[PDB]
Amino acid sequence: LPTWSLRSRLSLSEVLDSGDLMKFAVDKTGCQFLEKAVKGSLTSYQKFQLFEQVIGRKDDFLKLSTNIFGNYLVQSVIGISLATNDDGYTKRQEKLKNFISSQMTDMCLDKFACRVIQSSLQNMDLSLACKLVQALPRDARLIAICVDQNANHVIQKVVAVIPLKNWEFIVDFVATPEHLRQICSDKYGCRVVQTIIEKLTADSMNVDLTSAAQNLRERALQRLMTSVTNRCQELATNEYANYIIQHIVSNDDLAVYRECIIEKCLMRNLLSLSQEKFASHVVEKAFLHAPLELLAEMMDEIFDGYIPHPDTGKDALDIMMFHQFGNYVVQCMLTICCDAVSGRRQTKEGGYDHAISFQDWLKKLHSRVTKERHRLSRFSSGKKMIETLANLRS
């Protein structure tokens, strides 16, 4: 801090006139002062000086943006610039767009500057905000952006506040098989893929779209889903990407994609997937949300899709009930049937009552549980199942 300032009762015009702003803005106490001062009434010339000193020169703007304290002052002054419709408005906002553009990647990857980007994206005029998105990298650096724990929030802001036409390139980039593989195998990249999928879903939150815009949305959705269903096996078994497959399977507004995953990824692999740490969650979701015709194939695959062990006679259901992960899938099957038979779940799919299918599955499960009650009572899972059936006839 400048020696002349080493006080209380200090004015903003002093700091602005002194040439020493940059020293205040990167100091905790100093920046705390500016942040208070900047919220008050500002005269025209005070804004003029803030504009010039904080967002007027590329280098100082970069230095504050990437600064732990400075970035807050940059965001406030950008706010004030946007609120100030004087004659220099245009040059200011245009210049700000140029500054960020020329350093896009560096700023996104920075813990603090990425906050400046986010704030600029949602507050700037949409047409200038759209140019910021154009400045996004189209190569390995985009992947790096998606998987950084700070920078990934830039992509998510873009998705939230920018019309799809401007960021269609991101969808197609992420849908490129190699890219999808790297992004979805990452902690943060998956959140990005998740957010994009949500945005591209024709749900309650997209009813405001024109038809042209819905069409654009649909095409991007198909592109992304084609890549996702092509790697469904890998994504479903992955530690992070299983959440994505679960989201798709559980979302009614994605029903057609849920059926695709079930048919071409899950079906015939149920015993095997039910024993996976990660995919077992996907398999539960599929049972919970499958349309009845597919639900019946799923149930049939468990009850009768596999040949029992040649020596002991153990079947898929024996294996699953006592498996560390598979036991949760059987619990899920049982709970579906009990809900169905007891009114808690709709058995009429499309005016057709599949009630007796659920009764049949329940009867099979109840028969197994009864015969194996002694072994099953040794496990928490087994006790839960026994108890579920008891609570049914009560």
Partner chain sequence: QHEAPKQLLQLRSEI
Second form
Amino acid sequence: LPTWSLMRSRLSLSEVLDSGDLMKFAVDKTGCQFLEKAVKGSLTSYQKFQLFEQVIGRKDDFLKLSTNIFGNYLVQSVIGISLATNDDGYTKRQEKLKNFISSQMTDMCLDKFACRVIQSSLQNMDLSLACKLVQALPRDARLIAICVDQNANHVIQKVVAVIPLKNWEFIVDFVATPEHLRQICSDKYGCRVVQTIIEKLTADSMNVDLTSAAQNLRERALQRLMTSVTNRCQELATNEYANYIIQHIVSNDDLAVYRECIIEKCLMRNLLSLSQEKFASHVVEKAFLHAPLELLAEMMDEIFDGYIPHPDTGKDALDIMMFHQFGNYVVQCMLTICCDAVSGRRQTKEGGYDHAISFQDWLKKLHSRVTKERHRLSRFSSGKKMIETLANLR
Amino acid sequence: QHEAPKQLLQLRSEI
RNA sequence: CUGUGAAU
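The structure above corresponds to the form deposited without its partner chain; please give the structure of the form deposited with its partner chain bound next.
Every chain and every other molecule in the complex is listed next, the one we just looked at coming first.
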């Protein structure tokens, strides 16, 4: 801090602006604190002119402040003041701001503090100029590093949230690339990007405001990404992060058409194996909970009769899953579903059939097995829950 | 990954 | 006998 301002004083904002020492105030813990409160008062036309010039008018100072732990707050304040100042410099300032950020898009996205200037600009700038910010995103392997970056991943999620799909449709096709999808979906942060994109591409209640032409664009982009996801749902469903994406698709009612595809492509004929996986067992749970009835019948038949019992012990698939540290949650799901059906909490009509007689069949199977194994089951918390679930039915 | 080994069973044939 | 996901 300059000595003419000394520790602290009764400083005026015009003093700071006229001194030429704003930069050493904006990077200071106490100085930037004074500026954040000063710019919230009634500024004169010239004081705003000075802030525009000194905070978002010089590229190098704008970059330095945007990447500063404290100065990035001042930049967002001044950007907001500039957007709220409808004078004759309004067009010139927003254009200069877009060019500043676009020229350093990638590095600002990867910066812990500058990525907040990006997100603030994306949601507050006029929609037209914010769209030009998306055009500055990279199209090579730096986009992968952005999607999997601890900071830059929120920039992509912000783009998806506040910018029309026409401007970021290339990200959908970039992520849908099979090689890119593997890296991104298997990342702690890249999996959030992919799930946020899917949610924005879903025709749910948050998208009824779209025009028909925008719905068609949304539908086509969704089909291209769902094709890529379902082409590889086996490695995604077992992955420690990508299993959340497969769960979301299987459990979302507005994505019901992709339920049959996912359940049939990677879940069917693998239920015993996937139910014993730490991550895939959650996907199996969701698949039982939301499967169409005709497909649910096939999943039930696979557990009850899809496997040959062990040739030495006679242990079958239900026995293995029932007492497995992960499979027991799947069997519990099967039992809760059947009890919900026979008691009325779940409807049983589909495709002209009433599957109530089928739910009664599967419940009879699980009740019969829980009865025989009541002593082994009573050792476990999961087993006591299955016994209690059945007793609550009567 | 301190889990018990998977217990796999032979699948019934599909048609 | 309980079992997994974001940066000022």
